[PDB]
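Scroll down for the structure; my scribbles are underneath it.
Now for subunit A:
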Amino acid sequence: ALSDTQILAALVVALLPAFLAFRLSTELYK
Partner candidate 1 sequence: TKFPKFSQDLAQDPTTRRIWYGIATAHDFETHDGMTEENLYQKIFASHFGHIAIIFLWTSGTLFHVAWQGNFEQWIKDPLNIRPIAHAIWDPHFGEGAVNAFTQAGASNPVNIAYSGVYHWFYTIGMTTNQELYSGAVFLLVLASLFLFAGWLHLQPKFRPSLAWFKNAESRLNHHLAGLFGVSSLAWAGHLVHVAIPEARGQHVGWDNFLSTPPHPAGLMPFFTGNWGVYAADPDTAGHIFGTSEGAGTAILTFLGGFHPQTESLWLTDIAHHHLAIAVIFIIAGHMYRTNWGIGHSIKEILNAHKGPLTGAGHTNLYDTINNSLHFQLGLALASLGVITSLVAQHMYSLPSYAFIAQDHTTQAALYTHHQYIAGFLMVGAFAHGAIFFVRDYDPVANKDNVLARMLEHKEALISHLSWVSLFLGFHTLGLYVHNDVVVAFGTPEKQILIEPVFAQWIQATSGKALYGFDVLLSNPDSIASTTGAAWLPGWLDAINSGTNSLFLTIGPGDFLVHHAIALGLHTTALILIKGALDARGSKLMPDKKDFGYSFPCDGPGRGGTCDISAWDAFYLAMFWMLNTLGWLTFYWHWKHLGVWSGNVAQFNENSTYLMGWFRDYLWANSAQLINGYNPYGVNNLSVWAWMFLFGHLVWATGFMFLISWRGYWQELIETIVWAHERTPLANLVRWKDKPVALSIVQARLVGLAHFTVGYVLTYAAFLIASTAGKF
Partner candidate 2 sequence: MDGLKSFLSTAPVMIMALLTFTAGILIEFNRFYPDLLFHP
Partner candidate 3 sequence: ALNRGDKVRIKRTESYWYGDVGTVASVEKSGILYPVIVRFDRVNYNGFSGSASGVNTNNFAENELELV
Partner candidate 4 sequence: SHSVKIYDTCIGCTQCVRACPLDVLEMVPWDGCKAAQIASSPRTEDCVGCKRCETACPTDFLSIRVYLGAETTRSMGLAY
């Protein structure tokens, strides 16, 4: 389960930098 389910999870923790890029984007817009 080293590089099998590792494709997942990595995608979950990739939602954070995406979501925080969206909050930063709307503040720079204003």
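Candidate selection criterion: all candidates are chains of the complex that A comes from, given by their letters.
Here, a contact is a pair of C-beta atoms (placed from the backbone, for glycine too) under 8 Å apart; a residue touches a chain by one contact, two chains touch by 3 or more; residues count from 1.
Asks: Of the candidates 1, 2, 3 or 4, report the single one touching subunit A in this complex.
Replies: Here subunit A touches candidate 1.
Asks: For a test of understanding, state which residues of subunit A touch candidate 1 in their complex under the given definition.
Replies: Residue list for subunit A touching candidate 1: 2-3, 6-7, 10, 13-14, 16-17, 20-21, 23-24, 27-29.
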